[PDB]
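Enquirer: For reference, the chains in residue letters:
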Amino acid sequence: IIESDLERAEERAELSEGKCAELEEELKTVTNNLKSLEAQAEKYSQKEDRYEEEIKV
Amino acid sequence: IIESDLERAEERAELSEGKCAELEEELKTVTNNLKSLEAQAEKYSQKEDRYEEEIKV
Amino acid sequence: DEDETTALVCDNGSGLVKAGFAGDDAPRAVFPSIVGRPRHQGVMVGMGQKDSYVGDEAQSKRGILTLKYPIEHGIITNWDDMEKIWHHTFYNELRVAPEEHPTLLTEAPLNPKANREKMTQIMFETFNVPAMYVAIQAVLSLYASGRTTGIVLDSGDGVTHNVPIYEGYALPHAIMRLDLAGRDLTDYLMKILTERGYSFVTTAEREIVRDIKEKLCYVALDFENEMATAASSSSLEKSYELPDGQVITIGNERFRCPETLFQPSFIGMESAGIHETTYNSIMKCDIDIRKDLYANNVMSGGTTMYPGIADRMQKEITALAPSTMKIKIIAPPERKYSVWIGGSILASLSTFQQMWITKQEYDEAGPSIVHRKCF
Amino acid sequence: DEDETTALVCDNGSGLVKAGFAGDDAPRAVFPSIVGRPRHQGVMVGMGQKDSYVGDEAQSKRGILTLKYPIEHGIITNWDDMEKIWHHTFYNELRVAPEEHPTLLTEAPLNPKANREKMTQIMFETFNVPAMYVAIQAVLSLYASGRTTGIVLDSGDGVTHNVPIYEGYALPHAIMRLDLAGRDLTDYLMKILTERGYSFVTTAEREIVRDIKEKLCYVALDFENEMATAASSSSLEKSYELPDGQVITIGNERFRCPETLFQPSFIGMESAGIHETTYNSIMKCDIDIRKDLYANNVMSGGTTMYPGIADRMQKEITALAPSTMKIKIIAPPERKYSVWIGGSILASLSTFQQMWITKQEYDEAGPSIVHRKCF
Amino acid sequence: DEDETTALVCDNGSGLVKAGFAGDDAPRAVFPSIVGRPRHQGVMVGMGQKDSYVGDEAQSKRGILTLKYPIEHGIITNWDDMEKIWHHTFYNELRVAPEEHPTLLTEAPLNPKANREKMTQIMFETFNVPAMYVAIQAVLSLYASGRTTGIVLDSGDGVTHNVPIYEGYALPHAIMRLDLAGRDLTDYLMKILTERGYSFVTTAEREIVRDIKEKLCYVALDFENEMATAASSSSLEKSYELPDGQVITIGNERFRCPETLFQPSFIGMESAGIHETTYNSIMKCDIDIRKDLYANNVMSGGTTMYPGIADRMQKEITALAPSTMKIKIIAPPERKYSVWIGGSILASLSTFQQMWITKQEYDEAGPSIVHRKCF
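For the record, the sequence lines run as chains A, B, C, D and E. Reading the first sequence from the start, the letters are residues 3 to 59 in my numbering. Reading the second sequence from the start, the letters are residues 3 to 59 in my numbering. Reading the third sequence from the start, the letters are residues 263 to 637 in my numbering. Reading the fourth sequence from the start, the letters are residues 263 to 637 in my numbering. Reading the fifth sequence from the start, the letters are residues 263 to 637 in my numbering.
Worth flagging that the hints you see were computed from the coordinates, not collected in a lab. Mixed in with the good hints there might be a few duds.
[What the hints assert, rightly or not] Calculated pairs, DSSO-like style, for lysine-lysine (alpha carbon to alpha carbon, straight line, at most 30 Å):
1. C/380 / D/621
2. C/588 / C/375
3. C/346 / C/312
4. B/21 / A/58
5. A/21 / C/346
[Claimed, not checked] Covered by chain E, per the in silico footprint, the following chain D stretches (three or more residues, Cβ under 8 Å):
6. 302-309
7. 486-498
[Claimed, not checked] Stretches of chain C that chain D covers, calculated by requiring three or more beta carbons in the stretch to come under 8 Å of a beta carbon on chain D:
8. 368-376
9. 434-447
We treat Cβ as the ideally placed atom computed from N, Cα and C, and that holds for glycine.
Turn these sequences into a full structure, and let the hints guide you.
Expert: Quick look at the structure:
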């Protein structure tokens, strides 16, 4: 019974670990996108200025 | 051992669930930061476009 | 069981079949496109045991079965097995009778004609469906993604179709179709892992490698730098647990397989790769089309779930594209599950009620009607 | 073999290269415009094996080669491969060194100028030819056909230009360049044969479809009537034997490929076809020119081989052409070889020996000189 | 000791090891790939007795030895045992110390790294060979067989390679590692002879069955009619003399064993067998390659010595193959010895003198060098 609950609890660990890994992969994907977007938001803010400068010029 | 492994299987259910929940929060955090940076990068891309439109003008 | 004669939607590929009803958000059940058969002599008597197994039954009992896929490279070659898959799909898990519901099936635009014709015949003759439609995978992906204009790069298990669409219309002269797919990447991974001391040559072994691929493999953004490290250090290896307790680790092979999408020569294929064909699908369209296709590279199908693939596809085409112009990729969490989603959307459109073939016109014309009525 | 320092003549398209000695009625050597390269890793040693193969070498060992051509839609894009083709054609097959012979190369009048400059530069700098001339393909087609007046519809592999000439004079305002040629007709056929269940995408496969087209296809005097029968009866299918012993049968696809000449929309082109350009080039010619060009519309180059094309074209032009006037298409035996033959006729005229760029004028000015010296 | 510093050649399979010097037309000696060890307690004293016996010593003293094979389906897993076999080979039968001569060893390229790395290391570090070269079995077989193009069927003791070669090039995507070999045929025969009342379960018994197989078995081009009679009549049984004077007769089992190569299900293997595997390797090659491989199926390795095998293979392939085409098998007397013969040929080619790893490059790079210098 404990083993059956263990198997299910382990299954939950696996399902939850599955989700953990999936979220981790999504976390990293999103975080990697965050980072590329941090780079883009800054490059874009810089472009906001390069373009603003093209307008000023 | 089995009760201990149930406690561990359950601990792992809790740990992996706990961690996947932490990742859901980290994921939502980076997703929201991504959305913010994306919105920011997009606001800049929109400004870049406004300038591009004005650059063309 | 439904309160309307809603169409059934069955996204039948060379991998898994996703099925449910039109108007929903997701399939009710998914099934391997497999019919399994024992390769052993029975010893005990009164054990049940089928002559043939279908879908998930075939996969669950696979330890002694040889498993065959009725669909290869997007085309049904074995329609007796598809009748079994559809019987299972409809009556065992969705638990619906197509006799009371229109049914929508999917295929690539240059999928050989026998596919849509036999799909039409099975549903009208064995299921006696009141209506049929065979839909375009790119169309379905565009509805799911919220676009009418873009390149649909559908790199799934069967074929890569890669068709440019503008304002909802085909630009067929620019379809950069390619006989390179997820199934070849699986075959490559079986061979490259064999080289590591883990041979994978039987059916059970093939299903395991496909599972390994889906969880461990990636394409990355920069192959040469990724391999310079993966080939030099164990820090980039990842383990996998096999059903019998064996543990396999994969190093640079983890991405060298998937890389075949960008370097087809790895498996003996003569091809520019999926990113050059994506680029050419845009380039081969008229100059006043190109700008909208560059801004809308639509990713769908399988293999779209490899880490680094959306980022890499945009990098590879923007690198071939002209300067000044912005080139963008669309790669939503609905990637690969876009064909089924599009089926639900399309089946339910009021304007699509003029596209469905009824079990009237069918009898006068026969299954060849699909070539007069669908696309 | 040659016993005199006659001019060499060589016509070069995206299809094939024809060459021989001026004064004859045929090229003495014909090679594919192909340079082949191996795409495999060698394992045996002492096997010979080239870095590159040219012309017939490229086709003979093609089983493991990727095959590329240097000329696209009328222009040279790869001068290095043209040098290899000419080196082989002149020194190995014709057994002639151009250093001792003037050489005549060809293009239609709207061909981008870079093509004439490259033809001039390669022969003067890598072959050390004592003299050069670049002639108009329409000029040479009319010489081969026995005409001074007529419209040359050069439906070759790359591009069709449809150039009108009256009394030996250009009517350049009326040249209706068309983006439809034999290479596109091959692509159409590859897609329609895919619909029949035979995918042809790799080099060996692309060569097969080109060969199928050349041997099995015809235009069809009446497209719709020919299709009504071809689509209904297997008696109109022609069986082609594939290199590995397998066969492919082709039905209405047999004529739908060349039909693109009358239906360019088949490959996504915004045009009615070769008969439309035939009609527009004459339509824009002077009202007192038209009668002589309508009675002498001239087929030249390849794709004119279609035993359906002779009647198909005269019917299509007659239908658009004025009454009272005799409307006629010349479809001479000097087809698919008319430019080379015309080249021999021009190159050997006594009146043409003052038309040569010498290898003096060339070095003083550079290859741009061809733009002032030829036409 | 020789009249030249010729390379020594040793072909180490999972069955037997063939060895001699490069430039000869035969190995000087053949040894079983066996290291034997006593399984009994000594009773007498001053009896000599080794810890282990190798090759022919291992077989001659086998009455009380357990006999192990250091090579597992082409992979050396026990390199201490191979070093002892090699020392015996080089010093007792060839009578040449490797220190003064380059050495050529062979493997399938399908072998998962460890074999070529350890083979290279043993010769450089325990024998101090001045140079090394690990060769491809398909290459060696084609040189021995007089071919540059064809498929090598080396169905020997370990693994079947079935690798196609065109113009000296590998076509690696078409190579199918097959887990069906002469060693499995022996195990099958031990079990079916047990059914007849002659159990074979020990080392001595395994060696007897291998000897029975080699001398009594055949495959038959028509196994069905052959078994209908062989299983019905004693007139088709052949007597074999067992080491102790007892006699075993074998009937349909004689061919039933070899038949496994065409009926792999007999040993529990999920495979189409060697004829279909060969066919698929042909099929997987390009369409302009397929015809040259169909006409050039080349037998090598072991089991290719069974009566009816050249005809059995040619007929099975012909049945799978398309019409018009002629399917042919080359089956030289250099069978089973062909990899060694090829080693002699390859080691001696002038175009292969730059392929050798020197005992300098080896130490600077280590054994991983085999991946940069050999193939």
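Enquirer: Confirm or reject the coverage of the segment 486-498 of chain D by chain E under the rule of 3 or more residues with a beta carbon closer than 8 Å to the chain's beta carbons.
Expert: violated (count 0)
Enquirer: If you draw a straight line from the CA of residue 21 of chain B to the CA of residue 58 of chain A, is it 30 Å or shorter?
Expert: violated, 51 Å
Enquirer: Take the C-alpha atoms of residue 346 of chain C and residue 312 of chain C, compute the straight-line distance between them, and say whether it is at most 30 Å.
Expert: Roughly 13 Å separates the two Cα atoms, so the pair holds.
Enquirer: Check the hint pairing residue 380 of chain C with residue 621 of chain D against an upper bound of 30 Å on the C-alpha distance.
Expert: violated, 68 Å
Enquirer: With a Cβ-Cβ cutoff of 8 Å, does the segment 302-309 of chain D contain at least three residues near chain E?
Expert: holds (count 8)
Enquirer: Would you mind confirming whether the straight-line C-alpha gap from residue 588 of chain C to residue 375 of chain C stays at or under 30 Å?
Expert: Outside the cut-off at roughly 38 Å; violated.
Enquirer: How does the coverage statement for the segment 368-376 of chain C fare against chain D, requiring three or more residues with Cβ below 8 Å from a Cβ of that chain?
Expert: holds (count 4)
Enquirer: Just to be careful, I want the Cα atoms of residue 21 of chain A and residue 346 of chain C compared with a cutoff of 30 Å; is the pair within it?
Expert: violated, 33 Å
Enquirer: Can the segment 434-447 of chain C be counted as covered by chain D under the rule of three residues or more with Cβ-Cβ separation shorter than 8 Å?
Expert: It holds, with 7 qualifying residues against the three required.
In summary, the numbered hints that this structure violates are 1, 2, 4, 5, 7.
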